[PDB]
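Colleague: Chain residues, written in single-letter form:
Protein chains: 8
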Amino acid sequence: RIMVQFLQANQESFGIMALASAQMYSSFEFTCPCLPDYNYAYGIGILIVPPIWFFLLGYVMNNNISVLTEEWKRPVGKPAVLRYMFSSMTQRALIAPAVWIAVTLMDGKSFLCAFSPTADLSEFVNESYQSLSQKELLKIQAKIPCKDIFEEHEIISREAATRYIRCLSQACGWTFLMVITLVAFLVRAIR
Amino acid sequence: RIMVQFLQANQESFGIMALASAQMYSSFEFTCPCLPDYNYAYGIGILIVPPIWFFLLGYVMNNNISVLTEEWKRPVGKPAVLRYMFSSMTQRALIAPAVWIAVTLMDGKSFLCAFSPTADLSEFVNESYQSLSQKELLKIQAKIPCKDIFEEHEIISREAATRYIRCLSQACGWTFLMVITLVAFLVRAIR
Amino acid sequence: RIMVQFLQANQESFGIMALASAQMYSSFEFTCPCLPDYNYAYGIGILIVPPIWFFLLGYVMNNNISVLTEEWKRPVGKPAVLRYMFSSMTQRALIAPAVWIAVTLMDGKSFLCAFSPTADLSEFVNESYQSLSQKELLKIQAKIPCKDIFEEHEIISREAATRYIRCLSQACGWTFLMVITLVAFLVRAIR
Amino acid sequence: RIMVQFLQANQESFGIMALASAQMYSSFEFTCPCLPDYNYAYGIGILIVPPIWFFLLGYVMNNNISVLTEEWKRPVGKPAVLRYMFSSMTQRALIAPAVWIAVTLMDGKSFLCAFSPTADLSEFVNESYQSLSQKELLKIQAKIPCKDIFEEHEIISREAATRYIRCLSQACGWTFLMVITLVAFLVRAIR
Amino acid sequence: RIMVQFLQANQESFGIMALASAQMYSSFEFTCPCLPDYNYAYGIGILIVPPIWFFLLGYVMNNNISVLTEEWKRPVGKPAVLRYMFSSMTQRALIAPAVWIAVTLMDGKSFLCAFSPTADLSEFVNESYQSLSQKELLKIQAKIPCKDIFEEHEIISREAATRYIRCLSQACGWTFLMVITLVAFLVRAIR
Amino acid sequence: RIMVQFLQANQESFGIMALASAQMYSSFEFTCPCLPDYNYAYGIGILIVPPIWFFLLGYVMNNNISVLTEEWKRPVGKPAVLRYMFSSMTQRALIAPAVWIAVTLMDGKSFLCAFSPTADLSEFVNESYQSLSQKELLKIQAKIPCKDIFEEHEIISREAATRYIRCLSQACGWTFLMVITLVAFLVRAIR
Amino acid sequence: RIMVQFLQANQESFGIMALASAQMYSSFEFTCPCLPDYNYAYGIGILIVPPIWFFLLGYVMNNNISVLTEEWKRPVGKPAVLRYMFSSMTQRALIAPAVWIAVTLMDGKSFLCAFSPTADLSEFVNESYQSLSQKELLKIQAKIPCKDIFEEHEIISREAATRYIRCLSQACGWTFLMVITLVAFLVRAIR
Amino acid sequence: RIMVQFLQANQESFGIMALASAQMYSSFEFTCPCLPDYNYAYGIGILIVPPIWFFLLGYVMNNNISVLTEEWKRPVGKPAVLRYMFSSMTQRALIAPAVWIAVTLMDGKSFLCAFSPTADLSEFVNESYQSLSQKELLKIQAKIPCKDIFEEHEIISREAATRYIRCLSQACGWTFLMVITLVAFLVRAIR
Ligand SMILES: *[C@@H]1O[C@H](CO)[C@@H](O)[C@H](O)[C@H]1NC(C)=O
Ligand SMILES: *[C@@H]1O[C@H](CO)[C@@H](O)[C@H](O)[C@H]1NC(C)=O
Ligand SMILES: *[C@@H]1O[C@H](CO)[C@@H](O)[C@H](O)[C@H]1NC(C)=O
Ligand SMILES: *[C@@H]1O[C@H](CO)[C@@H](O)[C@H](O)[C@H]1NC(C)=O
Ligand SMILES: *[C@@H]1O[C@H](CO)[C@@H](O)[C@H](O)[C@H]1NC(C)=O
Ligand SMILES: *[C@@H]1O[C@H](CO)[C@@H](O)[C@H](O)[C@H]1NC(C)=O
Ligand SMILES: *[C@@H]1O[C@H](CO)[C@@H](O)[C@H](O)[C@H]1NC(C)=O
Ligand SMILES: *[C@@H]1O[C@H](CO)[C@@H](O)[C@H](O)[C@H]1NC(C)=O
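Taken in sequence, the protein lines are chains Y, G, P, V, S, R, Z and X. Be aware that the first sequence starts at 1, since it is given in my numbering, and climbs by one per residue. Be aware that the second sequence starts at 1, since it is given in my numbering, and climbs by one per residue. Be aware that the third sequence starts at 1, since it is given in my numbering, and climbs by one per residue. Be aware that the fourth sequence starts at 1, since it is given in my numbering, and climbs by one per residue. Be aware that the fifth sequence starts at 1, since it is given in my numbering, and climbs by one per residue. Be aware that the sixth sequence starts at 1, since it is given in my numbering, and climbs by one per residue. Be aware that the seventh sequence starts at 1, since it is given in my numbering, and climbs by one per residue. Be aware that the eighth sequence starts at 1, since it is given in my numbering, and climbs by one per residue.
No lab work stands behind these hints: they were computed from the structure. Treat the hints with caution; some may be incorrect.
[What the hints assert, rightly or not] Covered stretches of chain V (chain S as the covering partner; in silico rule of three or more C-beta atoms under 8 Å from a C-beta of chain S):
(1) 90-102
(2) 140-152
[To be verified] Label-pair ranges, simulated between beta-carbon atoms:
(3) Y129/P / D148/Z: 54 to 60 Å
(4) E12/V / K147/S: 32 to 38 Å
(5) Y40/V / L182/S: 24 to 30 Å
(6) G77/Z / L68/R: 34 to 40 Å
(7) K139/G / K147/S: 50 to 56 Å
[Unchecked claim] Derived DSS-like pairs: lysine-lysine, alpha-carbon spacing no greater than 25 Å straight-line:
(8) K147/R / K135/Z
(9) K135/R / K109/R
(10) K147/Y / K135/Y
(11) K139/R / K109/R
(12) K139/P / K109/P
(13) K147/Y / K147/G
(14) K109/Y / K147/Y
(15) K147/Y / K147/X
(16) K139/Y / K109/Y
(17) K109/P / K147/G
(18) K109/P / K109/G
(19) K109/Z / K109/X
(20) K147/Z / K135/X
(21) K147/S / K135/R
(22) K147/X / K135/X
(23) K135/R / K109/S
(24) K135/S / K139/R
(25) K135/V / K147/P
(26) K109/V / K109/S
(27) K109/X / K109/Y
(28) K147/V / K135/S
(29) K147/P / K147/V
Cβ atoms here follow ideal geometry from the backbone N, Cα and C, with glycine treated the same way.
With the hints as constraints, model all of the structure from the sequences given.
Modeller: So, in structure tokens, the structure goes:
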């Protein structure tokens with residue numbers, strides 16, 4: 001509900017592809033497969049491929065890609081403005097992927113789905129079953145991001161590990177935001 | 001509720017047939033027949049025939065199809081602009097079917113209805129009835145997309161297979177979106 | 001709730017009689033009599049007579065029917081434009097009945113009320129009472145479209161047959177829409 | 001709730017007395033007396049006298065009734081336009097009563113209150129008390145339109161007869177609408 | 001809730017004192033004292049004195065009462081227009097009391113509070129206590145319009161008599177409306 | 001909820017201090033102390049001192065009180081207009097106190113808090129404890145306006161006396177309104 | 001909810017710092033520490049320091065404090081207007097603190113938190129524990145303003161003392177308002 | 001809910017980065033890890049790094065940082081206005097971090113997460129386990145800010161310590177606000 005709330009707040013306060021990516025995330029049914037084999041793949045895919053598609057889309061929506069390919073295709077184009085126009089296009093296009101990554105990291109769903117089956121959750125596993133094959137722990141830990149599937153509360157506290165992984169995800173998200181802001185500052189200060 | 005939410009978000013942010021197809025999907029009562037004989041037919045039909053109707057409709061709503069058929073009908077028309085006008089009409093018309101397919105794939109209802117009776121769900125079938133005729137499994141698996149009909153929780157976990165098939169559907173949807181975006185990029189870069 | 005939702009969406013997106021028929025359907029209390037003698041009559045009547053009334057109404061609301069009857073009544077009218085004006089009036093009037101039929105077919109209430117008592121529901125009738133007089137089955141099947149009246153769950157699963165008949169109705173509705181769109185395409189391409 | 005919904009839809013789509021009558025019906029507390037002596041009187045009265053009052057009101061709100069009575073009162077008026085003006089006034093006034101009758105017939109409350117005590121409900125009366133004095137059946141059937149008063153479910157199924165009478169009322173309403181539309185068509189085509 | 005609904009509908013459709021009286025009734029906490037001595041007084045008072053106050057208020061809000069009293073006070077006023085102005089003022093002022101009376105009669109609260117203790121409710125009194133002093137019946141019948149006070153369901157059915165008295169009140173209200181409309185028609189047709 | 005409803009209705013229909021006093025009452029947390037010593041004081045205070053403060057405030061908000069005190073302070077002011085200006089100021093200021101008193105009387109909270117401990121409630125006191133010291137009745141009757149404190153239902157029916165006192169309060173309120181309207185009529189008719 | 005209601009009413013009716021202070025109070029999470037040592041400190045602090053901060057803020061937001069300090073700093077400023085400008089600034093700034101104090105006194109939360117542990121609540125303490133060390137009563141009375149902490153209903157009725165202290169707070173608030181209004185009247189009448 | 005309420009109130013009343021930080025806090029899912037090792041780190045991080053990022057962002061969004069770095073980079077710039085422009089930029093940028101810190105201190109979530117495991121809560125620890133190793137108390141106290149994890153109500157009252165720490169946080173927040181306002185007053189009065 002917080003994501004939809006901030007969506008409405010951004011709409012009220014309101015370059016546009018940022019809101020598009022935010023809305024698409026807030027209205028995308030993230031469903032972790034909750035299986036030890038496809039958890040990592042699904043999480044990393046949701047993290048990686050939507051920003052790639054947003055990058056391509058931002059390139060396509062640009063009204064002057066045709067002139068770029070026309071000049072790049074000719075031997076002697078009717079040239080410097082070309083590099084500048086291409087850099088401007090790339091910079092305008094890179095906004096939506098960054099917004100998507102930041103949003104999906106602050107909301108640690110992809111991180112929880114991806115890193116649950118293999119993470120080291122030893123402070124959460126009950127003291128009784130503290131000696132059992134990690135292959136048995138694989139399925140149980142993989143079922144963690146699923147509320148309606150995880151029916152083994154006697155072995156692992158679900159919320160206790162959920163909060164831990166979500167905090168790690170939020171830390172990674174803030175680190176990403178800081179690095180991106182530093183790079184943007186350097187770019188705006190040099191070029 | 002997510003589909004209606006994104007519908008309202010698209011309305012707020014707001015060529016028009018895209019919103020028409022999105023609204024028609026969000027307000028269409030998808031009812032899987034939940035029978036081993038008509039599941040596949042119904043799913044594939046909901047996937048296939050609505051985009052065909054949208055294609056035809058987009059052709060009909062075009063204001064200058066009459067001039068196209070008039071020129072194609074004459075031996076010597078009062079011609080090149082004809083191919084260009086036809087290509088432009090087709091490109092404008094192809095938008096709504098793609099939006100419909102993308103929406104109905106991201107929301108894996110048609111996929112779940114179509115591929116449930118014949119898919120290989122062996123990790124979900126209970127260990128007790130792990131040796132029984134696939135003809136008996138046919139009806140049970142066909143009843144999966146129906147919440148109020150599937151009353152055999154002792155044989156197959158419904159949600160566990162629902163998430164699996166829905167994840168496969170979302171993967172197919174993202175693949176479709178990527179391919180369509182690549183084709184659109186090539187088209188806008190060449191012609 | 002889906003019908004009212006699409007009504008509001010159409011109002012937001014917004015020749016006018018289409019919305020009138022949609023609203024009138026979404027606000028009409030369809031009550032199947034749930035009797036073996038009047039089910040068919042009521043269903044077919046709700047399917048047939050409202051579009052006839054809409055046709056007549058669309059003819060009446062037309063501002064230039066008076067000139068049409070004046071010219072048709074005279075021996076030598078002060079004539080060709082007459083056939084064209086009449087065809088245009090008929091084409092404008094035929095919109096609301098088609099919208100009504102499409103809506104009431106996509107929402108398989110009339111179909112369920114009409115075809116329930118005589119349809120062949122043998123895969124749904126319980127295995128115990130699989131040998132009983134069809135005259136006894138008549139009343140039970142007729143009571144199917146009534147949630148608060150059908151109190152014989154031990155003989156027929158209500159939802160299982162409801163979904164089946166509703167799917168058949170939706171198939172018929174899509175077929176009707178496709179045929180109508182093809183005819184409209186031919187008309188706009190020829191005349 | 002359907003009546004209020006269509007009221008709001010009519011307000012959104014929006015000679016005016018039609019909406020006035022619709023609103024007055026949707027906000028009028030219809031209370032059937034549920035007594036064998038006053039049921040018929042109350043139902044027929046709600047059906048008959050409100051349209052008469054609407055007719056009189058529409059005559060009163062007309063701004064040029066004074067000139068009509070002035071000319072009708074004089075021996076030689078300062079005359080043909082008189083008949084035309086009177087006919088136009090009557091036609092404008094006759095709209096609200098028709099709307100009231102149509103609405104109160106489509107919503108079979110008046111019909112249910114009026115015809116319940118004397119109708120022949122023999123397929124609904126339980127098989128046990130299938131032989132008892134019609135004088136005893138009078139009170140029971142009269143109590144049918146009252147949900148909070150009818151406490152004799154062991155003798156007559158309330159909903160089963162309610163649906164039957166309401167279907168009859170809706171049939172009568174559609175017949176009335178068709179006849180009125182035919183008359184309006186003839187009037188607009190002749191005069 | 002119906003009164004507030006029609007209040008909002010009147011506000012949307014929207015000489016002004018009519019809406020004022022309607023709003024004041026819909027927001028006035030009618031509390032029947034439910035005592036055999038003050039029931040009649042309270043009901044008749046709520047019926048009678050608010051329209052008197054509305055009449056006086058409508059006279060006061062009139063901007064030209066000062067000139068009326070100035071001319072009526074002088075021996076030879078600087079006269080015919082006086083009678084006309086006074087009649088116009090009275091006619092404009094008489095609107096709000098009529099609206100108040102009509103509203104409070106259609107909503108049979110005042111009638112129920114006033115006429116419950118002395119009315120003849122013999123078909124509703126239980127057959128067991130069908131022979132008891134009317135002085136004992138006085139308190140019980142007086143407690144009828146109070147839902148949270150009437151705790152003698154074994155002697156009189158509350159809803160059965162409530163509907164009866166409310167129907168009588170609605171009949172009286174419709175009679176009042178018809179008489180008022182006839183008088184208004186005669187006035188507008190003569191003067 | 002009725003007070004807030006009429007507040008919103010007044011806002012929609014919309015000299016201004018009247019709405020200010022109405023809003024302040026509808027948003028003021030009236031808390032009767034429910035003690036035999038402070039009940040009367042609190043009720044009469046809520047009835048009396050807020051209108052005094054409103055009177056003073058209306059005098060202060062007046063933009064030309066400075067000229068009034070300047071002229072009243074001088075021996076020979078640069079005089080008749082003074083009496084008229086002062087009377088106009090007083091008449092404009094007297095509106096809000098009257099509105100406050102009328103509102104707080106129609107909503108018999110202050111009356112109930114003030115007159116409960118000493119009123120004669122003998123028809124409501126149970127027949128068992130019909131002979132006990134009035135000093136014991138003092139606390140019980142004082143606790144009447146408190147729903148969550150009055151825990152002696154076996155001695156006095158709370159709602160039965162609440163309705164009685166509230167009806168008396170509403171009678172007093174209507175009397176006050178009538179007297180005020182008569183005085184206003186006389187003032188507007190003389191001066 | 002009453003505070004937010006009056007906030008919305010003030011916003012609808014709508015020098016500005018008054019609404020700012022009202023909003024800040026209605027959206028400030030008042031949490032009494034419910035300890036015998038910090039109750040008084042917290043209550044008096046919430047009563048005292050926010051108006052001081054509002055005073056300072058109103059001084060800072062003033063656009064011409066710089067000229068004031070510039071002239072006060074110079075030996076011979078390029079002087080009388082200085083005293084007038086300073087008085088006007090102070091008078092404009094003193095509004096928000098008064099509004100804050102009035103609001104937080106009418107809503108007797110600070111008073112209840114501050115004066116509960118040491119007040120004399122002897123009519124509320126149960127008759128059984130009417131003889132016990134005031135040191136034991138200290139903690140119990142301090143826990144009074146906390147609904148979820150006060151678990152000693154057998155010793156003191158919580159609501160009975162809450163209403164008493166809240167009534168005292170409202171009396172103090174009305175006294176403050178009257179004194180402030182009198183001072184404002186004198187100021188506007190003299191200077 | 002109070003934070004969102006004040007967000008909406010600020011939006012209605014409505015340099016812009018203040019609302020941005022407020023919205024971002026009200027829509028940020030604060031999740032305390034509830035572990036004795038990461039509690040302090042997470043709390044202090046949420047308190048410290050978001051204002052740093054807001055500072056950097058406010059520097060980046062400034063349209064004339066490029067001219068600043070251009071002049072600072074040159075040996076002899078085409079200089080005094082430089083220091084003034086830089087000071088103005090820094091002052092404009094310092095607003096959002098202060099708003100973030102004030103908001104997150106008034107809402108004592110970060111303080112509660114950070115200082116719970118090591119604070120001295122001896123008046124809240126039950127009298128039975130008043131003698132146990134502080135290492136055992138570490139985990140229990142760390143679990144305090146988690147409602148769904150703290151399942152040791154027999155050792156420490158959760159709400160009693162929550163209110164205490166939240167009150168300390170609010171005191172610190174008000175102190176911070178006072179110091180910031182004093183510094184702003186001095187700055188606006190000197191420079
Ligand atoms: C740990 O397991 C034991 C039994 O093996 C059970 O009683 C206990 O509740 C479990 N505790 C947790 C925290 O899982
Ligand atoms: C599997 O079947 C057994 C009995 O055949 C039943 O007790 C158990 O609950 C079932 N488990 C699942 C996951 O279906
Ligand atoms: C079929 O009938 C038997 C008894 O005749 C009953 O126990 C069973 O539940 C019924 N099943 C269905 C699906 O109607
Ligand atoms: C009919 O009456 C019998 C007893 O007389 C009762 O058991 C049965 O439920 C009733 N059925 C209906 C449909 O009223
Ligand atoms: C009538 O009274 C009898 C006992 O006197 C009671 O059993 C019955 O329920 C009552 N019926 C009504 C309708 O009050
Ligand atoms: C009156 O008191 C008796 C016992 O003293 C009790 O049983 C009865 O319910 C009470 N009635 C009322 C109306 O208080
Ligand atoms: C007073 O205390 C007694 C026992 O000490 C208890 O039974 C009673 O309910 C208490 N009453 C109040 C009002 O606290
Ligand atoms: C303190 O502990 C005892 C048992 O050790 C328990 O009965 C009591 O409820 C506890 N009280 C609190 C306030 O934790």
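Colleague: Out of the numbered hints, which ones does the structure contradict?
Modeller: 1, 8, 20, 21, 23, 24, 25 and 28
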